[PDB]
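Asks: What follows is each chain in one-letter form.
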Amino acid sequence: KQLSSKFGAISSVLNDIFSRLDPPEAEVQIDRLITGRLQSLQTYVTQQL
Amino acid sequence: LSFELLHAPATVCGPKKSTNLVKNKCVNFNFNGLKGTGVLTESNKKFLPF
Amino acid sequence: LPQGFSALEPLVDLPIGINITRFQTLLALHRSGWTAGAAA
Amino acid sequence: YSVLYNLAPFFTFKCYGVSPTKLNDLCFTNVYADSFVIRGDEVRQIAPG
Ligand SMILES: *[C@@H]1O[C@H](CO)[C@@H](O)[C@H](O)[C@H]1NC(C)=O
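Going down the list, the protein sequences come from chains H, B, X and P. Each residue of the first sequence is one higher than the last, beginning at 964 in PDB author numbering. Each residue of the second sequence is one higher than the last, beginning at 513 in PDB author numbering. PDB author numbering puts the third sequence at residues 216 to 247, 257 to 264. Each residue of the fourth sequence is one higher than the last, beginning at 365 in PDB author numbering.
In case anyone wonders, no lab produced these hints; they're calculated from the structure. Keep in mind that the hints are not guaranteed to be accurate.
Said to hold, decoys possible - Each computed BS3-like pair below joins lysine-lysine, with the alpha-carbon atoms no more than 27 Å apart: (1) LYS529/B - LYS386/P; (2) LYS969/H - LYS547/B; (3) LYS529/B - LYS547/B; (4) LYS964/H - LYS547/B; (5) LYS558/B - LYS535/B; (6) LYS547/B - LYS537/B; (7) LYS557/B - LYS547/B; (8) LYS528/B - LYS547/B; (9) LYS535/B - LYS557/B; (10) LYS535/B - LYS547/B; (11) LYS547/B - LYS386/P; (12) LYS528/B - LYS386/P; (13) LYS537/B - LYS557/B; (14) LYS528/B - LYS378/P; (15) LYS964/H - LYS557/B; (16) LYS547/B - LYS558/B; (17) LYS386/P - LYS969/H.
Please work from the sequences and hints to get the whole structure.
Replies: As structure tokens, this is what we get:
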């Protein structure tokens, strides 16, 4: 569900962003998406260990 | 002009290119101008008309 | 109203794009002055 | 995308938003084409934000 979450972005799908948003733009959007996913997975890894 | 998507399916699309429905290879695919993963196989689940 | 569950699928979508604030329902009078059947 | 362009001499096609090179891979459900005329340097006024 956290992977499906948008994390306050335009969309939760990277491919739609790449096919719609400007290739020079959306770098901050994909960076915030990947760092939100990184925070979620690091919380998962910590609770798993 | 505004280029936005709604709940209805996109009746007008920019890409015309070369229409084909060929298969039996395995490299990578594109659908509706959106990249993704998966192999287009048979669907036993019948869809609603909408 | 009968007791039961019944979903309502979207039959059709109309892009009317106009303002709508009041709705009015019409009926009919059977001619055979006139006779009105049961309609709840 | 070829009948409204490359017919007349060059237009003032300076805008921010959808990429001109991304017009061949984008799908839109509906488009609202509105036409109007302005005077002089009012082109900058027709901009988002
Ligand atoms: C529709 O009409 C009502 C009453 O005249 C008004 O309050 C409302 O803002 C209108 N809506 C639109 C979208 O024009």
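Asks: None of the hints should be skipped; say for each whether it holds.
Replies: Do the hints match the structure? See the list:
A distance of roughly 14 Å separates the Cα atoms of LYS529/B and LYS386/P; the hinted pair therefore holds under the 27 Å criterion. This hinted pair checks out: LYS969/H and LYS547/B have alpha carbons roughly 18 Å apart, not beyond 27 Å. With a CA separation close to 16 Å, the supplied pair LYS529/B and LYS547/B stays within the 27 Å bound. The hinted pair formed by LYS964/H and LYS547/B meets the criterion: a straight-line CA distance of about 21 Å does not exceed 27 Å.
With a C-alpha separation of about 22 Å, the suggested pair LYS558/B and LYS535/B falls inside the 27 Å cut-off, and the hint holds. In summary, the hint linking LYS547/B to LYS537/B is supported, as the alpha carbons are separated by about 17 Å, within the 27 Å threshold. Taken as a hint, the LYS557/B and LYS547/B pair is honoured in the structure, with Cα atoms around 23 Å apart against an allowance of 27 Å. A C-alpha spacing of about 16 Å is found between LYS528/B and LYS547/B, which places the hinted pair at or below 27 Å, so the restraint holds.
A C-alpha spacing of about 21 Å is found between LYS535/B and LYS557/B, which places the hinted pair at or below 27 Å, so the restraint holds. Taken as a hint, the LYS535/B and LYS547/B pair is honoured in the structure, with Cα atoms around 17 Å apart against an allowance of 27 Å. Proposed proximity of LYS547/B and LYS386/P is supported: the alpha carbons are some 14 Å apart, at most 27 Å. Among the hinted pairs, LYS528/B with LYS386/P is consistent with the structure: their alpha-carbon atoms are about 13 Å apart, no more than 27 Å.
Under the criterion of a C-alpha separation no larger than 27 Å, the hint pairing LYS537/B with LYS557/B is consistent with the structure, at around 25 Å. With a C-alpha separation of about 25 Å, the suggested pairing of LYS528/B with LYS378/P holds against the 27 Å cut-off. Between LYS964/H and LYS557/B, the direct Cα distance comes to roughly 24 Å. Compliance with the 27 Å bound is thereby established for this hinted pair. This hinted pair checks out: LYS547/B and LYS558/B have alpha carbons roughly 24 Å apart, not beyond 27 Å.
Among the hinted pairs, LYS386/P with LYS969/H is consistent with the structure: their alpha-carbon atoms are about 24 Å apart, no more than 27 Å.
When each numbered hint is compared with the structure, no violation occurs for any of them.
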